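Take a look at this single chain, the form deposited in one PDB entry, given in structure tokens.
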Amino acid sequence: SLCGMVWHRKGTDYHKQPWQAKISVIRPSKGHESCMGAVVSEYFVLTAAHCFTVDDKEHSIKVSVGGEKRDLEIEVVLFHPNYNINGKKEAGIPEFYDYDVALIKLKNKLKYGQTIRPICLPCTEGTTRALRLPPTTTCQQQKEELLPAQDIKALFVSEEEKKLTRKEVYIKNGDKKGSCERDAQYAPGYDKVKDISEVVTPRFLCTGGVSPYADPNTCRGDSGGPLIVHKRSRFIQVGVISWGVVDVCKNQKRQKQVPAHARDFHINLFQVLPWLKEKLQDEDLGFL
């Protein structure tokens, strides 16, 4: 149950990020090819809901861990009940990513090893121990430790032919938060919406742009991967990658046009805790 730690030599890829899961869409199309996820217990991978088809979800993807070729048997897919990509079509919002989180329940128990390990989740005893915090620590205190009102150093991971690349980003959670959120208006399809908070709800964290540093941006293939805070050799998931303003894997023209506003948006796991806590209640993670 020691979450968020590497399991030791100075190896690469899944040795350095052993919670990462790779998801492939079984019947792919443009914008619907791949996703990422995080191992969160021996039976569960956390990802984005938009990675699946709404009908027969369980047979719509394959998932692999540890950089393996083999795919794991998926017993059930649990979407957050509030997720509905079509929910704001009325308002001229063609895709709406509020509550874009889902849990993959695997039929078979994972065996943890050097390349397969769980990441810590917010508001758990695993996170308390990982941050070397006292047993009096509350969920609010973990939130203060992990997401202070500042630009927060964080990271995500991109994958390509079993190779992982770690990318450092900053969560704009202080005085730049409003500016980061307002930049949703640069996203194709989001430019006409009068009140941007209709697209950027209280569920989201915001990264990207060039201040305080030049953050790399996500691609659609990174959807569902963990947004992670690294403290003293431990890794805590704080978010799930949901959607971005610029897809730098295709249209690199655009990011060069609007670098100051090229943001990525992530589901804040502190904002979906009732759902995580209930669905993971039997996984020995010790939610507070």
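Basically, rigid core = biggest C-alpha set you can superpose within 1.5 Å across the two forms. Numbering follows the first chain given and starts at 1. First, how it differs from the form deposited in another entry.
- Following superposition on the rigid core between the two forms, the residue from 109, 89, 132, 162 with a C-alpha displacement of 2 angstroms or more is 162, and no other.
- Residue displacement note: residue 69 has its CA displaced by under 2 Å between the two forms (rigid core superposed).
- After superposing the rigid core, the C-alpha of residue 230 moves by less than 2 Å between the two forms.
- Fitting the two forms on the rigid core leaves the C-alpha of residue 34 displaced by under 2 angstroms between the two forms.
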Given for the second form:
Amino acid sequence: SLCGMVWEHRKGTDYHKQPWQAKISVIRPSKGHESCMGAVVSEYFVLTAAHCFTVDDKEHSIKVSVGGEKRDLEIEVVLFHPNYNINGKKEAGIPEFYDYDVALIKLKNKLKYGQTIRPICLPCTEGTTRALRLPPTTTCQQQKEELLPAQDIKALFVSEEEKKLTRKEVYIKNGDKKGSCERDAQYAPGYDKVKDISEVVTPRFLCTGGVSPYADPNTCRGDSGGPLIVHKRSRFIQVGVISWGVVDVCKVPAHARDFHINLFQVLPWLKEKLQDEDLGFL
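For comparison with the form deposited in one PDB entry, kindly provide the form deposited in another entry.
Here you get just the chain by itself.
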């Protein structure tokens, strides 16, 4: 199959429209389960946020499903980015630090691509170069400048509300608005007294949300971990992983920013872990 390509037909389920979307549920007796999403990136892997796994039990507590299927898929192992350390800045007044908040769920059984289950394209891969109908002289830097220019980048994410999946169009402030977007991180939970924001907002994050240039929808609690996508040439390319934000409105607007791990900033990890998935990383 061709990554980031959807069913060329009308109607169909929410998974005909977003075949790459995966649902993740981490369950515990207390009933305060984690709810997250991810994206199929190959037949054996699902990419999502590292912070979703708060119960270290891949055998019976992590429920992963795709294609709107009801069955939960067998997990071989969950790989956490090596630099991830959520409590690493506790002593500096940062309760939860989300740098490198990405993880890959490796499935025991190979996924079978259909009209409701298909991979999404990843940065600096052969699939993305072809999806964007670019020539083979295309490099990783070129893909980056093509997908993430120094401006307000049009992008989207998939949100679930009332049993329904919907695309939410947002704008990544990667240009002159970047700074003001990142600075609103001061309004995120536990960050009240964080003097320098660069300490909670590292060069591994993309910033969306706000009312400028437009009134951007915000990620819902359950959407955490899902892909942040750039829609180009009728193809879907994942550029980030939803990680955290200022507020959950699905439940001051100009302050409603969401942060995502920029996949261009965790390529050595991705390239190494998915080196056997025939995705052709550059």
